[PDB]
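In structure tokens, one chain follows: the form solved without its partner chain.
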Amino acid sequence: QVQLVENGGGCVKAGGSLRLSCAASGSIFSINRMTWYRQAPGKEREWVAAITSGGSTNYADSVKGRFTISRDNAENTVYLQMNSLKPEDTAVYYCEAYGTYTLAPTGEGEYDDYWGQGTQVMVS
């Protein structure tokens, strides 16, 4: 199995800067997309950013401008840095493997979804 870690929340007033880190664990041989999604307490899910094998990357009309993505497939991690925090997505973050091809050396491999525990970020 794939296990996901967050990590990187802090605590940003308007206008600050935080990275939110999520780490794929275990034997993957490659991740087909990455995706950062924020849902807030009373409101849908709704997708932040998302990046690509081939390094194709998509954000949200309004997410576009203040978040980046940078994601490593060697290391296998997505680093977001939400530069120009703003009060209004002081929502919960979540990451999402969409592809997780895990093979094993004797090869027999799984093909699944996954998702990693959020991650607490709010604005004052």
The other form holds:
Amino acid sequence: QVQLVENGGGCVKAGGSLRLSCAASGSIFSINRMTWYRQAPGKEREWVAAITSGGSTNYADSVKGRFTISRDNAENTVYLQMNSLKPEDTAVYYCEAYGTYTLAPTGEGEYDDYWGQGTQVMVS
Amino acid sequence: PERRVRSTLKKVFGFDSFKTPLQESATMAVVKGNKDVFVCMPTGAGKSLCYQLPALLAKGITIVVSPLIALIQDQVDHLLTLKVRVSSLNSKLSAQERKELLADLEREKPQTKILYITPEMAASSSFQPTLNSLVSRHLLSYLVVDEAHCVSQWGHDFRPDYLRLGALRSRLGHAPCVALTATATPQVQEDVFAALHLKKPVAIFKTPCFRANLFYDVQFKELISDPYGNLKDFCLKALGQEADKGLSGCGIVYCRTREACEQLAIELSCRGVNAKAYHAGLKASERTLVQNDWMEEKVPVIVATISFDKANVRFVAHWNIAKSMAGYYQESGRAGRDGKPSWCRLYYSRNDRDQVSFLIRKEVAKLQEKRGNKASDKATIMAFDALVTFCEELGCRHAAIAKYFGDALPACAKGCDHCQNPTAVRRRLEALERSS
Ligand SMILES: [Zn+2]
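Got the form solved without its partner chain; any chance of the form deposited with its partner chain bound too?
Okay, now the whole complex, with that chain kicking things off.
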């Protein structure tokens, strides 16, 4: 299995910046795409950021200006830095780690996707 | 449990125990049937059993999909000599035989218990009521897709009907699916998983391409002062390890240019180690005679040229880099089939690499002129790029092979150029860079 852990959740006033960390433990050969999902209270889950293989970045037209996603495959870690944060982004944040491919020296492996527990962010 | 599969392995197959623990795990995973299983093993590793034995234990009929009718017939014959109750509905049957097969399928307790169907006949219009009855009956137990790699565009083979096999899988969801490929690349594996609509948890059982008793090393013909001298020293050392033992087995030396292959053979012979060209252009009688004298111990080393097996191969030495890393890995695979340690040498060269790259580019251009299989050309270029990186790259050679083929990194305590002597590799690559 792969243990995704969120970190960097913080309460920053309007205009400030804070970074989030999502590290994938375990033995992973590769990851197809890590996507930062944003979920607010009393609302449907909304897709915020996505980093795929080769460094391709997919955002939301409104959210694009504020946030930037950067991933390291060797480290298996994706950082979503938030700049010029707005009082709208007061939602919890999750990682999808879609299409995780794991293997062992024997040969057994799995291709399931794994989800992080989540990180909270409050804005004045 | 284990007892049932063991009993089957002995009563219907004849094998006392599984050839490898990996396929034991794969077969038991399929038998459990919890999630879709992707088994990638080389030919002769017993991958067939990984879908055949579970089918022998499956509650109901197992549908197997294979590209060609001839392969279906061969599998049918192999199942029949074992007296297993196999059937095929590929329209190969005449009218009466098709009626009888449909009558067994339509009634309960179908006599057929493993059905080989080409994808066309499964998705054919006339067979749809039968398949609808099968699903409604819940008869289908496993949905095996043999040579699953044909679905992936980047694979060497393309099958348009294997794309609709994905929709077929979407139907009859209650039953698992087993995708099989002789060789798998992570990109090809991803294509297989996506195109076949398999469940997100997929049990990937892949043989480790790493081989403990293989020594991998690379030298640069520019650096070495005399290449034939190095080849002779390598050939002597591998061929004769101790005076008492004497020469053993036989070696192999691949080369692309036949004009160079004959020269290499004659040069080895003149130096003191006899060799036989076995170049494809040679006449059939002469090629048979060479292949034979190599099977016997009369000829120490054989030059494969384009095309080649023996139980013990002391060494393999590619006078020229291979076209694709799959090809090079297959060619070196026959190195050291016996337990004793062997060696694998690649005399990588910038000029040779450029020549074969230009040839690959010309072939890709011809394919593009054909206007089809563009993904195949992309995959070929990617494989060649991987091989050149392998020769260039600084690190554990086994590890790079594992990275390309996608299996886990191996722990080669002994038998790797880099691991044992990293300083030597550093110096060699520094000299190469200075030369270039
Ligand atoms: Zn190594």
